[PDB]
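Encoded as structure tokens, the following chain is the form deposited without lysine (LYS), with no partner shown.
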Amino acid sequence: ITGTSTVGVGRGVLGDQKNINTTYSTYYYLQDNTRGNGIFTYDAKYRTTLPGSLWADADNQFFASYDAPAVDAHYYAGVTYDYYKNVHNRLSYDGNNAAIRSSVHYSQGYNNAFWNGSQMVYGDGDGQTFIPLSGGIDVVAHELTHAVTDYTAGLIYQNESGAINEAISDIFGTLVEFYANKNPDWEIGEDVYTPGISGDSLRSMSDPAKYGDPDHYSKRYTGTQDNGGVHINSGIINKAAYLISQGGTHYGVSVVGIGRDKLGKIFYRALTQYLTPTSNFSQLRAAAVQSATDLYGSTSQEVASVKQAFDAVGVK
């Protein structure tokens, strides 16, 4: 919509106050003109028609319970945009400043959130398995990272390539969570999963086995469920990424940690320059080693740590 750029205030799903960029034309709309070709947040009104109505508010104050999923979808899309632009010099998910559109209140009791190829879609959850999923910055950034993947390597969503696709989204979802630096961790979805249970998550990057996911190539799932285990076998790569950043000794292999910024630079370069739609785990290792070589030199600690981490998870 055409209007004045304004700054509203509201509270997100977890009750935290934040400012949001809006546009004023009779109503205040969740339209942020400060980032690329805009960030736009819509109300699906418990239906499945997309995108729905551009979110309109009478007073630029978003403190109602019904407002909270929209506040977070809008604000965390902005954080994700800022991460990719400021850290990787990438303008929106496509690198060409595409508008970021999100719809909240999708369907009823819907325990999922997804990038659908052109926008983000957030269920409100059923209140037991999930609360509204835009409350999780890692979920928001995980799904927007699928769009980055689609516009770069094009990893296919099955078998090893699909597990890499998933892990890439968990890695950058977590790096966005740290970039905000409010309540970061190496878990996925902890803010919105199981409101009645503290200390759990959908999966752990630091210890995938906590939730029964593999932490070594020898433990990879080879069945047909979950598109060949894409959210399961992601644990193998997630563990490697955790080790690259934080270090540790895993199955007797010591890894010298190089920190989060270098992890992100290495994997971003791998994704955008070297991976292809059918890259397997071994090819990801090669891409990460080559990326670290490009950035830091073949004799660098960074290259050595990449190799150690993939060794530790059994990926040669």
Second form
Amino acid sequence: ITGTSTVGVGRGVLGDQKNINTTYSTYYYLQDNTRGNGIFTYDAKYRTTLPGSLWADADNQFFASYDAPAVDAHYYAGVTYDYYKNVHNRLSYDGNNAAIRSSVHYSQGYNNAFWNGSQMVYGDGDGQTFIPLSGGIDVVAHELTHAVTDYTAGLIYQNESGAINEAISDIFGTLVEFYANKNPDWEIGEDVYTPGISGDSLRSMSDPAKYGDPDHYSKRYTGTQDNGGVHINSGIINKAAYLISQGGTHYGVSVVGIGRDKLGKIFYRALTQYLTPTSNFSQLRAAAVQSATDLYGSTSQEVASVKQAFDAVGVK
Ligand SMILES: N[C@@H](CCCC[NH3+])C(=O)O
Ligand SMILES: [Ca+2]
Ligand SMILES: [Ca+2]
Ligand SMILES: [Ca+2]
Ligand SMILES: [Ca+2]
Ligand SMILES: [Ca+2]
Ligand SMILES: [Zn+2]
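Give me the form solved in complex with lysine (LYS) now, not the form deposited without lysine (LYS).
Full complex below, order starting with the chain above.
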């Protein structure tokens, strides 16, 4: 909508207060005009028809329980845009400031979120397995990173290229969580998963096997479920990325860590310059080696740590 940019206030899914960029034209809309061609948040009204209605509010205050997922989807989309722009000099998911759209209150008791090729979609959860999924910044950045992958490498969503697709979204989800510096960790979804149970999460990057996911190529899943295990075998690449950043000894192989910033630079370059739609894990290794080489030198510690990490998880 056309109108005047302003700033509202609301409460997110976890009860924290925050300011959000809105647009005023009779109503106050969840339209952020300060970032590219805009961040737009929609109400799907418990249906599955998308996008739904642009979120409209009478007084620019968003403290109703029904508002909370909209507040976080809108706010965390902005934070993710800021991450890509300030850290990687990328303007939105397509590199030319495409509008970012999200719908919340999708369906009833829907325990998931997703990028559908054009927009983000967030369920409310059933209140036991999940609370509303936009409450997790790593979840939002995960979904939006899918859009980045779709416009760059284009990894097909099955078998090893799908696992890489998934791992990239967990990696940049986590890096966005560290960038915002709100209780950062190497777990996925801990803020919105199982409100009854502390200390757990959907997946772990530091120790994928905590929840049954492979942490070594020899344990990869070879069946047909989950599009050939795209959310399972991602654990192999997530562990590798954890090792590159933090270091550690894994199946007898020691890796010197180089830190989060360099991890991000290497995987961003690998994604945007070297990976293709059918890249497999072995091709990812070569892309990350070449990326580190480009950035730091063939004899750098950085190239050495990338090699050590993939050796540790058994990717040749
Ligand atoms: N997002 C992943 C894991 C969450 C599962 C939620 N029930 C998937 O769809 O497989
Ligand atoms: Ca903001
Ligand atoms: Ca209001
Ligand atoms: Ca966290
Ligand atoms: Ca996390
Ligand atoms: Ca929990
Ligand atoms: Zn995903």
